[PDB]
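Number of protein chains: 2
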Amino acid sequence: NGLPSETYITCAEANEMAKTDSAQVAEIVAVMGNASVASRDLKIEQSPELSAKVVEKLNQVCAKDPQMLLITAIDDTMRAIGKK
Amino acid sequence: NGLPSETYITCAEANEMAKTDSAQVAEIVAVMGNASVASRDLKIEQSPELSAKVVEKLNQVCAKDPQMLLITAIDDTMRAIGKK
Numbered sequence: 007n008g009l010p011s012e013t014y015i016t017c018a019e020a021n022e023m024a025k026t027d028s029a030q031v032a033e034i035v036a037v038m039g040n041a042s043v044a045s046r047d048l049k050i051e052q053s054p055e056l057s058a059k060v061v062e063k064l065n066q067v068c069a070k071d072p073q074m075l076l077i078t079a080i081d082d083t084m085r086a087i088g089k090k
Numbered sequence: 007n008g009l010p011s012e013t014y015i016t017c018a019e020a021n022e023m024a025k026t027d028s029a030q031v032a033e034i035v036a037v038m039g040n041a042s043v044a045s046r047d048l049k050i051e052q053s054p055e056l057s058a059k060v061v062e063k064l065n066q067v068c069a070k071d072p073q074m075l076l077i078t079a080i081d082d083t084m085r086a087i088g089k090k
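Chains as they are written, first to last, in PDB author numbering: chain B, 7 to 90; chain A, 7 to 90.
A few of these clues could be false.
One copy or any two copies: either way a pair holds, since identical chains are not told apart in the list.
With a Cα cut of at most 30 Å, we get these calculated DSS-like pairs of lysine-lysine [what the hints assert, rightly or not]:
(1) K63 with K90
(2) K25 with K90
(3) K63 with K89
(4) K59 with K70
(5) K70 with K90
The hints are simulated quantities; they were obtained by calculation from the structure and are not laboratory data.
With the hints as extra help, turn the sequences into a complete structure.
Shown next, in the form of structure tokens:
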């Protein structure tokens, strides 16, 4: 919880900023996401489309429960795609 | 040299595309960039300040060498960071 404001931000609210700054929102989500999911296989193809997905479905989950911080929310995707 | 167009595109020309799509470009460079550099230490965090950085100076290096493919270009950046 003692993380920088950007990292401690909620994924749902990340969409709010996305209209102004899609870059910093989609980047961190993708950059962390891919690196953190590579932890279980290490061959997660680096392609804009996959990232585009991680902020689409993830924010959808956030819409269901706002108690998910951006940092933890994407971690649930790590386990979702992390089914090896 | 037989890789898909986008990943076979030079860092210099990738910046050109960023003018139309800053996302796909800043993403892929930070995505694999951070993933590859973290493969040497894993002490490297993910921040929006890094994408801008890895696509800034690199495009300048590739401005001196248009032959530098995106993949190779980022490798050279890893070398710089891996220099400890």
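Going down the list of hints, with the structure as the test:
no.	hint	result
1	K63 with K90	within (19 Å within a copy, 37 Å between copies)
2	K25 with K90	neither (34 Å within a copy, 38 Å between copies)
3	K63 with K89	within (16 Å within a copy, 37 Å between copies)
4	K59 with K70	within (17 Å within a copy, 35 Å between copies)
5	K70 with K90	within (25 Å within a copy, 43 Å between copies)
Hint violations for this structure: number 2 only, all remaining hints satisfied.
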